[PDB]
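K.L.:
Each chain, letter by letter, is given below.
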Amino acid sequence: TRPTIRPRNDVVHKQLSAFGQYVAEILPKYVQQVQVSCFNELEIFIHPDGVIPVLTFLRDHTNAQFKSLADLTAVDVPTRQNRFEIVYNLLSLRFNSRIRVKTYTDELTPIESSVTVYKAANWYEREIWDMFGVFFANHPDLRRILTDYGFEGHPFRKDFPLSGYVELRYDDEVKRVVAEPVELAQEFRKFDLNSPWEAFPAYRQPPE
Amino acid sequence: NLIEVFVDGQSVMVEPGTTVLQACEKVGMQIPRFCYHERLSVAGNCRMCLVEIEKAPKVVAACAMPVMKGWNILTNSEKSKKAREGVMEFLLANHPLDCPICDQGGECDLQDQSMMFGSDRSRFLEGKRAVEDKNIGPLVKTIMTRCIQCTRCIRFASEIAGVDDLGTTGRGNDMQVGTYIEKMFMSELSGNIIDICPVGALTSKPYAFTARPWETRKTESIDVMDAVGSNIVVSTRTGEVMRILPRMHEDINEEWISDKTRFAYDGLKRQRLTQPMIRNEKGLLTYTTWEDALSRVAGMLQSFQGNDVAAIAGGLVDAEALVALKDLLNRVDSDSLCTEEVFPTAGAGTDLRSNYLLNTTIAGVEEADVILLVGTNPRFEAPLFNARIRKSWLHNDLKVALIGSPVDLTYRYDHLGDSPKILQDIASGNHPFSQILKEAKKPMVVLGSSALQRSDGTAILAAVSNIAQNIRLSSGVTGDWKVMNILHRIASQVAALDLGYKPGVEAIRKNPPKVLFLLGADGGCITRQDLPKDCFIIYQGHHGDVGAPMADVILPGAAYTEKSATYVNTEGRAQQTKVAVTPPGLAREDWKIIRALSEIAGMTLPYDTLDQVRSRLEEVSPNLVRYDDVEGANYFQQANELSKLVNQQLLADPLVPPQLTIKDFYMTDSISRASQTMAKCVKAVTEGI
Amino acid sequence: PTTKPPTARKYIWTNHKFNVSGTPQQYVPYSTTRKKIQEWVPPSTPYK
Amino acid sequence: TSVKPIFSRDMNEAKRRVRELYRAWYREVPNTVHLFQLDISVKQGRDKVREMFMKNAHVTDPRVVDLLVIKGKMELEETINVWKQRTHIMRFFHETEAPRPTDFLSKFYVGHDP
Amino acid sequence: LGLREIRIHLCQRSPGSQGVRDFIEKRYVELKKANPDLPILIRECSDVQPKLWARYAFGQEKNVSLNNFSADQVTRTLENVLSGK
Amino acid sequence: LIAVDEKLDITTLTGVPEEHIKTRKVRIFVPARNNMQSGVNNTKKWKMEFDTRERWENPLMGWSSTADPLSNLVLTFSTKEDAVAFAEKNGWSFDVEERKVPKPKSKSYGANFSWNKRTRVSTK
Amino acid sequence: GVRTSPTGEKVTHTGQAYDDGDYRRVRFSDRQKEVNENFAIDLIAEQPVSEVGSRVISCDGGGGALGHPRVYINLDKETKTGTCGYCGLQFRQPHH
Ligand code: SF4
Ligand code: SF4
Ligand code: FES
Ligand SMILES: [Mg+2]
Ligand SMILES: [Zn+2]
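Protein chains in written order, with PDB author numbering: chain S3, 43 to 250; chain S1, 30 to 718; chain AM, 98 to 145; chain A6, 41 to 154; chain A2, 14 to 98; chain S4, 52 to 175; chain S6, 28 to 123.
Treat the hints as calculated values from the structure; they're not laboratory data.
No residue lacks a Cβ here, since even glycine has one placed at the ideal position from N, Cα and C.
Be aware that one or more of the hints could be misleading.
[Claimed, not checked] Below 20 Å or equal to it, Euclidean Cα-Cα: the simulated DMTMM-like pairs (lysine to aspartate or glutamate) are:
hint: 1; chain 1: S1; residue 1: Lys420; chain 2: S1; residue 2: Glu67
hint: 2; chain 1: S1; residue 1: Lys531; chain 2: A2; residue 2: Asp85
hint: 3; chain 1: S3; residue 1: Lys217; chain 2: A6; residue 2: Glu68
hint: 4; chain 1: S3; residue 1: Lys200; chain 2: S4; residue 2: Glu108
hint: 5; chain 1: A6; residue 1: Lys113; chain 2: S3; residue 2: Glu209
hint: 6; chain 1: AM; residue 1: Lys133; chain 2: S1; residue 2: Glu67
[As the list claims (entries may be wrong)] Computed list of chain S4 residues with no C-beta within reach of chain AM, every gap over 10 Å:
hint: 7; residue: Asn93
hint: 8; residue: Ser116
hint: 9; residue: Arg169
[Stated by the list, open to error] Looking from chain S1 toward chain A2, a few residues come up when the C-beta cut is under 8 Å (computed):
hint: 10; residue: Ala93
hint: 11; residue: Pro95
hint: 12; residue: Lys98
hint: 13; residue: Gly99
hint: 14; residue: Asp356
hint: 15; residue: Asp380
hint: 16; residue: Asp657
hint: 17; residue: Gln667
hint: 18; residue: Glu670
hint: 19; residue: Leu674
hint: 20; residue: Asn676
hint: 21; residue: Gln677
hint: 22; residue: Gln678
hint: 23; residue: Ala681
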C-alpha cells in the first residue's frame with residue numbers, strides 16, 4: 043500500500059503529455075519546450091514575444107478553453123542572462139484542467155501586456171512591474187500598486203536587501219514623518235543551513 | 030594507460046590503482062564515509078562505503094577496492110542502500126544521546142549521513158555503552174562515549190604528527206581509543222585531530238559550548254602567526270571572533286593548521302589598545318583624541334627630519350601600512366626604515382627576491398630527493414613546512430640531514446655536528462654529504478632565518494650559497510629546479526624586504542634617531558637605552574606589550590582579523606586577509622592612520638582608498654598585487670657572484686635555534702603572549718599532567 | 098487547589114506579585130553578559 | 041547585437057522625451073507648492089527638479105533613458121493627483137538628514153567608513 | 014639631485030622585456046659592485062611595459078619606460094640616472 | 052530592433068544609493084568546504100557577498116546593531132562569468148577568487164604493509 | 028546566593044555587574060534591577076551524591092518523558108563522581 047507515498051496518476055500524465063504535443067504542434071513558431079511534472083502539471087516554455095498569440099489560442103481554442111487566468115507572477119534568477127521569468131497559470135473549467143506558460147525577460151526588455159486577453163492581467167502586471175521592474179508595453183495604467191509612493195527600487199529582486207535602504211520615523215523638528223537610512227538595533231542573523239551531503243541523487247547535475 | 034569503468038552506466042576513464050570511491054568522485058558521486066580521509070591512509074573498518082558491483086554478489090569497500098576493467102558500480106542500488114542503513118543502524122545503536130550538549134551539534138557527519146543514508150527509526154531495545162573519558166591536555170576535550178572507533182586520530186597522529194601515543198586498547202565492543210596512561214597529546218598539530226574526528230569525541234576546549242555552526246559567519250582570510258601563510262576561515266558571531274578553522278590550499282596549508290594559529294585567536298580580546306594615548310605632566314599615559322594625538326605627532330614630524338627619523342616594523346604589519354609609512358618617512362627625506370629582523374645586506378641583499386625567498390615552493394618539497402636544513406627548527410618555526418617535509422619523507426624516502434642542534438623532529442634525520450665548520454666542509458667537498466648532494470638528482474638547502482640573527486649571518490649565507498653553487502656546477506645546469514632556500518619565521522619580513530625596508534635595526538643603532546615610529550614593534554630590539562635622551566616615540570599597534578609601555582604617543586590600530594591587508598609568505602606568495610570584525614573602540618586601519626597623520630603634518634599622501642594604496646603597492650612591487658602567483662625569476666648566479674666578493678669569518682659557536690621546546694613554540698609573538706589558552710598550554714607542558 | 102494542591106518546590110515564589118508596571122518595582126532590562134574586550138592598562142610608574 | 045527598443049529608437053528621441061518630461065515637471069512646481077502648502081520657494085522646487093534630472097545625465101543607453109522618463113512620468117502623475125503627501129515631497133529634500141562629512145580626515149575621525 | 018633608490022620592473026616572459034632580462038643576466042653584477050650602497054631593486058611585472066623608477070630625495074619619483082629596449086639602451090638610460098643627465 | 056554600442060549599466064534603475072553603489076566591493080568565490088565535515092555539496096556554486104562593515108553593541112540588552120543594508124545579502128551563481136557579468140551590470144566593484152579543487156591522490160591499501168618502504172603502518 | 032558589588036548593585040548568577048564609572052546604571056535609578064535569587068549552581072551543589080553498585084548507570088532526569096534524554100554514566104574513575112550533564116547529577120560507585 044505504501045501509506046507514506048503519494049499515489050500517481052498515469053492517466054492524467056498521459057493526457058497532459060498528449061495535450062502538450064498537441065499545442066506544440068499547433069504553435070511551432072513560439073513554443074520552445076514542453077514538460078510534464080511527475081505530479082501532473084503541464085508546463086510550456088515559449089518565446090517572450092509569443093505571449094499574446096499563445097494566450098489567445100489557449101483561451102479561444104475549442105479544445106483549449108482556458109477562460110480563467112489563475113495567477114501571473116515573476117521569478118528572479120540572477121545567474122541567467124534573462125533573469126526574470128514570467129509565469130502564467132491558466133484554468134480550463136470546460137475540461138477541468140490547469141496549464142502553465144513560462145517566458146523570459148530582462149530589465150530592459152518590455153513584455154507585451156495581456157490585458158487584452160485577460161482582465162486580471164492589469165493588476166497582476168502592475169504588481170509584477172512594481173516588484174521586479176519588468177515593463178509591460180501596452181498597459182492601460184502602469185504604476186506602483188503595493189510599494190509606498192516614491193519608493194525607489196524593486197523589492198522582490200534577489201539583489202534587494204531584506205530590510206531595504208530607508209526607514210520612517212516622526213521628526214518633531216519638521217513636524218512630519220521623515221525617511222532616513224536604515225539602522226537596526228539587532229541585525230538580522232543569517233543562518234547557513236545547507237547540509238554538505240547530497241540529498242536527492244535523481245537531481246544530481248553533471249560535474250562539467 | 031587509463032582503464033574504462035562505469036558508474037551507474039556512465040563511462041569514465043581512471044588511472045590504474047584508482048579506487049571505487051575515487052571513480053565515483055570523478056563522476057560526481059560522493060559515497061558516504063566515516064574512516065576514509067584522503068590525507069590519511071586507508072583503514073576500511075567503518076564499513077559505511079560499501080557499494081554493489083553489478084555482477085559481484087558481494088558488496089565491496091569503495092575506499093579500499095581498486096576498480097577493474099569494465100566494472101559497473103551501482104552507487105544508488107537497493108543492496109547499497111540496505112548496507113548503508115545497516116551500518117548506520119549499528120553506529121547509532123551504540124551511540125549516546127548527547128546531540129544537544131555536543132559541540133559537534135549541527136556540523137556532525139554522523140547526523141548528516143544518518144539523515145541522508147540511514148533509517149529514521151531505532152530497533153535497539155537494549156542498554157547502551159558508557160566509556161570513561163580520558164585527558165590529553167588543555168586543548169582537546171575528550172568525551173569518548175561518542176567515539177565510533179574510526180581510527181582517524183591514530184592514523185593522523187602517527188603518519189602526520191610523528192607521534193605514536195594514540196592507539197586502541199582492548200578488543201571487541203570494549204575497544205577504546207586512548208593513551209592507556211595519563212599522557213598529554215601535546216604537539217604543534219594537535220587541533221587537526223579535533224577537525225578530523227567525525228563525531229564529538231574530540232572537541233576544542235577553548236571553543237567549548239560557545240556557539241553553534243549555523244550561527245557563525247565564515248570569513249575567508251589567511252594566517253599571520255607564522256610565515257607559512259596558512260589559509261584559514263574565521264567564524265564570527267554578532268561581530269565577535271568565535272573560531273579559527275583550516276581552509277584547503279594544497280600548495281600552502283593542505284587542510285592543516287598549527288596549534289598557535291588555531292588557539293591564539295583569544296589573544297585578540299585582551300590587552301587591546303582602543304584609544305589614542307598621550308603623556309600628561311606626570312609622565313603617565315592618559316586617553317586623548319585622534320586630533321590631539323595626530324597633531325602632536327605631526328608637530329614632531331615637522332620639527333625633525335633627515336636621518337633623525339626612524340621606523341621599526343614588527344611581525345604583524347601589512348604591506349599597505351609598510352608602504353604608507355615608507356612614503357611618509359620619505360616625504361621628510363628621512364630613511365631610517367627598518368624591520369625588527371636581520372638579513373645579510375652584503376652582496377645582493379634585498380635587491381633580488383630569489384635571495385631571501387623560499388625558491389623551492391612548499392609543494393616542491395614533495396619532489397626533492399635530498400634536503401639539508403641549516404640552523405633551523407622547522408617543527409616550531411614553520412610547523413606546516415615540517416609537516417610537508419615529514420609527508421615527503423614518508424612517501425618518497427626523502428633523506429633529511431640537519432646541521433646543528435639535534436632538535437627532536439618528527440622523523441629520522443642524519444645529524445651533522447653543531448658548528449658551521451661542517452657547513453664550510455660540505456662546500457669544500459671533504460664531507461661525505463657533499464658526495465650525497467652531488468649524486469642526488471634533486472637537492473635542496475634550507476637555511477633558517479633564525480640562524481641569520483647571529484653576528485655572522487653573512488658568513489653563513491655565503492657558505493650555503495657556495496654549497497648551492499657547488500651543487501649547480503657538479504650537477505646539471507639545465508632545469509628549473511631551485512636549490513637555494515631561505516625559511517622565514519616572521520609574516521611581514523618578506524613584504525618589508527620587497528618594499529625596500531632595510532633588514533635589521535643596525536642602521537638605527539648606527540644613527541640614533543630623534544623620532545621613532547614603532548609600527549607593531551614589540552620585539553624589544555631597541556629601547557630608550559639605545560635611543561638618545563628625550564627621543565619621541567610613536568607606537569602604532571594593537572596590543573600593549575613593550576612599545577606601548579615605553580612609548581610617548583600610542584596609536585591604536587587594527588588586527589589581522591579586523592583589517593583588510595596583504596601578507597607575503599616565505600615562498601613569495603601574496604595573500605590578502607579579509608575583514609572579519611571591526612577594530613575595537615577608536616582603533617583605526619594602519620594605513621588610514623598614517624595617511625591622516627601625513628595630512629595633518631601637511632605632507633599629504635596621494636592615496637585615499639584601499640584601491641589607490643594597492644595601486645601604490647603595485648608601483649613599488651607588482652608581485653604584491655599579483656596574489657595567487659608564486660612563479661618568479663631565478664638570480665642565484667648574480668646573488669652568489671655578489672656574495673663571493675666580500676667574505677668574513679664564521680664564529681665558533683653552536684647553531685642553537687631560538688625555539689627548542691613546545692613552550693618556546695607556544696610563546697612567540699604579542700597575540701600569543703596576550704592569549705590565555707597559550708598560557709594554559711605552557712603551564713601544562715612545563716608542569717606536566 | 099484545595100482538593101489537588103500543586104507540587105511543592107523549594108524555588109517557587111511564596112508571595113505572588115501582580116503586574117508591577119508603572120511602579121518602582123517594575124522590570125528594567127539589562128545585558129547579562131560580561132565585557133567582550135579587555136583594554137590595556139598603562140603602567141602607573143613613570144619612564145625614561 | 042540588435043535589441044528590442046522600448047521607445048525613441050536612437051538617442052535623439054530619448055532626449056526629446058526627456059525635454060517633454062522636464063517641461064511637464066517645470067510647469068507643475070507652482071501648483072505643487074500651492075496645493076501641498078510647502079514652506080519652500082518655487083525656485084527651490086525648480087532647482088530640486090533640475091538636480092534630480094541632472095543626476096542621470098551620464099546615461100548613454102536609450103532604453104535606460106526611456107525607463108527613467110517612464111518612472112519620472114509615474115512620479116509626476118502621483119504628484120498631480122495628490123496621491124503623494126507633503127511627507128514624500130519633503131522626502132525629496134532630505135531636510136532632516138545630518139550633513140555627512142566627505143573629507144578623508146573627517147571620515148577618519150567619525151568612524152571606519154571608507 | 015640626490016638619488017635614493019632605483020627600481021627595475023621587468024616581465025620575465027614578455028618579448029618586450031628581453032633586453033632588460035639580458036641586462037640583468039650579464040650587466041647587473043658590475044653595476045651593483047660599483048654602487049654598493051645604492052638600493053637597486055629588481056622586481057617582476059605581469060603584462061605592463063618594463064619600468065625604471067628612480068626615487069630621489071624628498072619622495073620625488075621619475076619613471077622611464079624600458080619597453081623594447083636593448084641591453085645597451087638600458088645601460089645608457091641607467092647611467093644617465095646615476096650621473097644626473 | 053536598435054543596436055547599441057554600450058555596456059549594460061542599470062545602476063540608475065536599481066534604486067541603490069550612490070554610497071552603496073560606489074563604495075562596495077563584492078567577493079566572487081566558491082565557498083570553502085567546512086573542515087568539520089567531509090561533505091562537498093556546498094562547494095559547487097559560486098557566491099557573491101559584500102564586504103563586512105561595522106557592527107556595534109546596542110546600549111540596551113547588548114544586541115548586535117548594524118547600519119549596512121547589504122550585510123546579509125548573498126547571491127548564488129552557477130558560473131564565474133555569470134557572477135562577474137551580474138556585478139558589472141549592477142556597478143559594484145568585485146574581486147574574483149579562482150576555484151580550488153583537490154588534486155588527484157593515489158590511495159593504496161596495500162602500501163600499509165610494505166616490505167622495505169616507510170609507508171608501513173605500526174597499527175590498524 | 029546573591030552577592031553585592033562594591034557599587035551597591037547586586038550581582039547576577041552570570042557575574043553581571045555594571046562598573047562604578049558605567050553610565051548605564053542610571054536606568055536603575057528610581058527603579059530596581061531584576062535579579063533571580065535562586066542560584067542553580069548552588070542548588071545543584073547542595074544536591075547529594077547517589078551511590079549505585081554498577082559500572083554504568085542511567086539518568087533520565089526523573090519523570091520519564093518529562094525529564095531529559097536518557098544518558099549512561101560510566102562509574103570507573105574512582106577519583107571523581109560521574110556527572111549526568113543534562114541535569115548535573117553526580118553518581119558514584121560505593122568505595123571502601
Ligand atoms: S557526535 Fe554527532 S551524533 Fe554523536 S552526540 Fe554529537 S552531534 Fe550527536
Ligand atoms: S576519537 Fe574520533 S577520530 Fe579517533 S577513532 Fe574515535 S571517532 Fe575516530
Ligand atoms: S569509508 Fe570505507 S570502510 Fe570506512
Ligand atoms: Mg570534531
Ligand atoms: Zn540527568
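K.L.:
All hints, please: hold or fail.
P.N.:
Each hint, compared with the structure:
At roughly 13 Å between alpha-carbon atoms, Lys420 (chain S1) and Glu67 (chain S1) fall within 20 Å of each other, so this suggested pair holds. For the hint linking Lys531 (chain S1) to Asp85 (chain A2), the alpha-carbon distance of about 31 Å lies beyond 20 Å, and the restraint is violated. A C-alpha spacing of about 25 Å is found between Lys217 (chain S3) and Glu68 (chain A6), which places the hinted pair above 20 Å, so the restraint is violated. A distance of roughly 29 Å separates the Cα atoms of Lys200 (chain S3) and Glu108 (chain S4); the hinted pair therefore is violated under the 20 Å criterion.
With a CA separation close to 25 Å, the supplied pair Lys113 (chain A6) and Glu209 (chain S3) exceeds the 20 Å bound. Restraint check for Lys133 (chain AM) and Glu67 (chain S1): the C-alpha separation of about 39 Å exceeds 20 Å, so the hint is violated. Residue-level check passed: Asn93 (chain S4) sits 30 Å from the nearest beta carbon of chain AM, beyond 10 Å. Listed as a non-interface residue, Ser116 (chain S4) keeps its Cβ farther than 10 Å from every Cβ of chain AM; the least gap is roughly 13 Å.
Residue placement check: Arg169 (chain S4) keeps its beta carbon more than 10 Å from all beta carbons of chain AM (closest about 48 Å). Taking 8 Å as the C-beta cut-off, the interface hint given for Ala93 (chain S1) is violated, the closest approach to chain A2 being about 45 Å. With a cut of 8 Å, the hint placing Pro95 (chain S1) at the interface with chain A2 is violated, because the nearest CB-to-CB distance is about 42 Å. For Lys98 (chain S1), the interface hint is violated, the least distance from its beta-carbon to any beta-carbon of chain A2 being 43 Å, above 8 Å.
Below 8 Å, beta-carbon pairs count as interface contacts, and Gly99 (chain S1) has none with chain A2, the closest being about 45 Å; its hint is therefore violated. Taking 8 Å as the C-beta contact cut-off toward chain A2, the hint placing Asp356 (chain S1) at the interface holds, the least distance being around 6 Å. Using the Cβ-Cβ criterion of 8 Å, the hint placing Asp380 (chain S1) at the interface with chain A2 is satisfied: the shortest such distance is roughly 5 Å. Nearest Cβ of chain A2 to the Cβ of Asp657 (chain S1): about 12 Å, over the 8 Å cut. The hint is violated.
Because the closest C-beta pair between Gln667 (chain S1) and chain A2 is about 5 Å apart, less than 8 Å, the hint holds. For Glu670 (chain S1), the suggested interface contact is upheld, since its CB lies about 5 Å from the closest CB of chain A2, less than 8 Å. Of the supplied interface hints, the one on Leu674 (chain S1) holds, with its beta-carbon coming within about 7 Å of a beta-carbon of chain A2, less than 8 Å. With 8 Å as the threshold, the beta carbon of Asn676 (chain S1) stays out of range of chain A2, its nearest partner Cβ sitting at about 15 Å, so the hint is violated.
A distance limit of 8 Å between C-beta atoms decides the matter here; for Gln677 (chain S1) the minimum to chain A2 is near 15 Å, and the interface restraint is violated. A hinted interface residue such as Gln678 (chain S1) counts as satisfied when its beta carbon comes closer than 8 Å to some beta carbon of chain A2; here the least separation is about 20 Å, so the hint is violated. For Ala681 (chain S1), the shortest C-beta to C-beta distance to chain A2 is roughly 28 Å, which exceeds 8 Å, and the interface hint is violated.
This entry does not satisfy hints 2, 3, 4, 5, 6, 10, 11, 12, 13, 16, 20, 21, 22, 23, going by the numbered hints stated previously.
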